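A.B. asks: Chain by chain, the residues:
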Amino acid sequence: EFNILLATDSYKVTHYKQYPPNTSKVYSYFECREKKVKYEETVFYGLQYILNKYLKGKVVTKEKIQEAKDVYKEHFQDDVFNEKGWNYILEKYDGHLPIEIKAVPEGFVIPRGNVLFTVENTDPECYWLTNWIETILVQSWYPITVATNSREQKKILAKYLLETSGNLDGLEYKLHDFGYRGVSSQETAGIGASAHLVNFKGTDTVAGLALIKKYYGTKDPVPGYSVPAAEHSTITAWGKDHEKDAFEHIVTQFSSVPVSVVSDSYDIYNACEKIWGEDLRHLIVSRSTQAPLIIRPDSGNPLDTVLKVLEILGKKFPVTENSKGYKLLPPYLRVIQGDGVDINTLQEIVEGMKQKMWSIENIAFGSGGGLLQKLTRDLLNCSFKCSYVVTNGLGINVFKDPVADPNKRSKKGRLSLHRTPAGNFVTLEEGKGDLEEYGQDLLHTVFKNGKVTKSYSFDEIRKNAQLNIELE
Amino acid sequence: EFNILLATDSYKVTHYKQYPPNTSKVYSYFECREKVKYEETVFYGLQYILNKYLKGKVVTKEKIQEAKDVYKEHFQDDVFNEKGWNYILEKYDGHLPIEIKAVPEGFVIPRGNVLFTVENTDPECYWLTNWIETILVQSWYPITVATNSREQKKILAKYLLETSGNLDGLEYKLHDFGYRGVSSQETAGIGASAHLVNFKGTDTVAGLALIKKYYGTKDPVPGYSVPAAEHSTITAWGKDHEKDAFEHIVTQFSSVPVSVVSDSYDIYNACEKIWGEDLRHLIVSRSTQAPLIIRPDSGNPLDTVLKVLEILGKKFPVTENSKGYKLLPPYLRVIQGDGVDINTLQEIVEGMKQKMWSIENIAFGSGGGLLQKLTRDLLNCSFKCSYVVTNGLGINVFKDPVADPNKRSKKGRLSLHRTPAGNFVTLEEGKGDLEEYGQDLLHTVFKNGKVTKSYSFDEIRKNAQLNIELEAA
Ligand SMILES: N#C/N=C(\NCc1ccc(S(=O)(=O)c2cccc(OC(F)(F)F)c2)cc1)Nc1ccncc1
Ligand SMILES: N#C/N=C(\NCc1ccc(S(=O)(=O)c2cccc(OC(F)(F)F)c2)cc1)Nc1ccncc1
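In the order they appear, the protein sequences are chains A and B.
Numbered by the entry's author numbering, the letters in the first sequence go through residues 8 to 43, 52 to 487 in order.
Numbered by the entry's author numbering, the letters in the second sequence go through residues 8 to 42, 52 to 489 in order.
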């Protein structure tokens, strides 16, 4: 069973002895710190998961306190654990955390350098608790960053799909999550997959579905979808001389639904030109528009291989020119590039297709490690800092400001998030939100004293995270 | 509760229909595929997966119904192999008819060798081998963390030995700071445990319980820490009271080591004036068992470390060790915990050596660099089918993409062997059977729902030792 007393950085166990004496309040905040491709705005997503799974309800028991005590005695070779402080929460509050958390609504898209949530203790005895839970709350960096990076890729796709086709039809199925095997754990898989689904509807990372169902909720039965597809084992199992037999068997098994077939086991160019393009062409051209063959290269330079596959297919199948002047494969045939795709190569591929006059309608992308694993907390500088304390009954605005790195300076005092007169966002420091010169604080209480006080459905989050181009 | 029918990539739900008719066996293997660095990998983490996810009754009527219901909506179609899963439930009481063979955990093996193999033990379950690819492939993560952590240990060992003449304290020179910087609680535990294969210092408490549950140590815990400040415990005192914060903290932790982050406002002032002058009397009185550890946390990592050491060296009595390198007094050390990864680690220790500072003076903390900034393509961790039996005939299968020879996979039944020179070699096409290379070094670790061979964390650590550690004795 999970024990919140064992879910912090070891050193935090010692901090209750380090704050100034007579400190009744520690108030801290989370931001994606501004830094002097660009990631200028971030999608706030994932806190509700943490609140529900780890923070709410009776999270302290006698047994958990004793367990922590025993572990820390050996871990520190010393007795430093705040057993009294934890027992207080158990006795006074039936083990519920005396903490208030206020947050911007999930799905909200906020520029860098703004407060996204704040945390403070609601009982003076628990001044130490605010930053105890920094570690667990800061892991929100991950769904924020996956959702943000996924959305930035959607912006790239949208721009190029609109340019080459005139519309955004199918945009929400253009970047598929292939990342299940390439992330660090089962738990990460569900979190990351759910964050990508804020922007798209295609996923193979099945763990994302149950997470969304349990913690967020959707009107539709499921938040994400997939279609049948081969992997190398289901092609290569037929033997090297029988690739065509594998292809034939698979497209016939899935004759009436879309099917993707990985075509690079031995020679992608041969497979396209000779196997699909000649030997099995009759099984392709007969397919429904709702059930295309999707040819999947999976190796070589991603741009070069996409362009060469399209060049080959365009000579073996009847290509049209759309109203924008771009080439379009027949509706029973598409391509998916699912190798080496990240935000940078995604851009390179669609720009390269555009240069060669191929519509983005022809292609979808799969992304695995690039989508869910190749991200860190420093990409958006997700960071949690104390900005206000009360000591001897007096509030003081606190902050760090390292001489050699102005980028790490933190905000001062009690914070609030507001709309500016021009409709942008601003974070007011030093309790200036209290002056009421800037309309209502956009932070809402989402957790208080062990209870989740405000929740968002996955549908609401998706609405909040829409692109401007989708809104237009 | 975890449901293995829902723990695969969606497309694998459709694969049972795609294999050749009358296929009775699908046999697959995992390697860290060969491509100048990461030439050898530490095999670690499979035992966790076997125990937590694969062993025992993992199929129930309810889990089958749940998966049926989810996949119906996910695919907008009924493609799920209900019958196949029911067969496992009915015939094997929901235990997986799979056999997995693996190299011992902690073993250090060159790239491009077979690390584990997987095959079905019932012909009806030919589709099961690759169903569990997704979950088994996540072993990439503890393998990669453990390997990258060990590569850092090699750097530290080299420079510690050169500047001090011994390896004392090596296993405490790289501390895990990564708890907040990983992607989940589960990842934190797995990654922290992988780092503990090589070192003993961690703040990622999640790692302790994982090791105790799945591996075990003779000692009460596998890893340790010591008291330390964070910015909030300094800055809460107010900008004009940094000295008061420092004094309070070192007085609270007067007889144990304590680290105090010193860069809240001006690291150089803190070292030269606050520690070096105002509070100097509280430092020089401390025990060798209870040093103050000064922690910079910003700026160029190498430049900041060198400047902090120059400042301290002028305020405190420095000695010259037997190798000719400068050593701070034993009540004073430094920890650099910002911007540390395998690359910057190398730059800092080399820069220190050039300025004649012993590596004894310093320890490193690493967070995202240690536990998060790693992907499956670093060591090209990969699972592939190499052998099938169809119509009663075994055939050796592989991929070999024309545009990427680095993606070629191995053929046939595989085994791992010692060469005459004592190195490793992977034999393909069942050639291990010829018995020209001795016995297969893989061991059956999982069979028909049961874990059949396992390793303690102590054994794993011994297996993962550096050669330099083995040399002496
Ligand atoms: N191809 C593959 N591979 C996988 N999934 C099948 C898969 C995914 C997306 C696409 S698509 O062309 O975007 C598409 C087509 C029609 C409807 C649609 O809509 C929707 F997807 F939502 F159903 C999405 C096709 C087929 N899985 C995979 C996991 C890990 N590693 C490699 C591979
Ligand atoms: N300084 C800090 N910060 C943290 N940990 C305390 C910490 C860690 C290592 C060291 S050391 O100098 O290597 C050391 C000293 C003596 C014995 C020893 O051995 C042993 F490790 F076993 F105690 C290790 C000191 C103090 N936590 C932290 C989490 C996340 N982000 C930033 C910070």
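The reader is advised that the hints may include incorrect statements.
As the list claims (entries may be wrong) - In silico DSS-like pairs for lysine-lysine, Cα to Cα no more than 30 Å straight-line: (1) B/463 with B/32; (2) A/234 with B/463; (3) B/68 with A/229.
Everything labelled a hint here was simulated from the structure, so no lab data went into it.
A.B. asks: Below or equal to 30 Å on CA atoms is what counts here, so check residue 234 of chain A against residue 463 of chain B.
C.D. replies: violated (43 Å)
A.B. asks: Hey, residue 68 of chain B versus residue 229 of chain A, does the alpha-carbon distance stay inside 30 Å?
C.D. replies: holds (22 Å)
A.B. asks: Hinted pair, alpha-carbon criterion (30 Å max): residue 463 of chain B, residue 32 of chain B. Please report holds or violated.
C.D. replies: At roughly 15 Å apart (the allowed maximum being 30 Å), residue 32 of chain B and residue 463 of chain B satisfy the hint.
The structure is inconsistent with hint 2 alone, although it conforms to all the rest.
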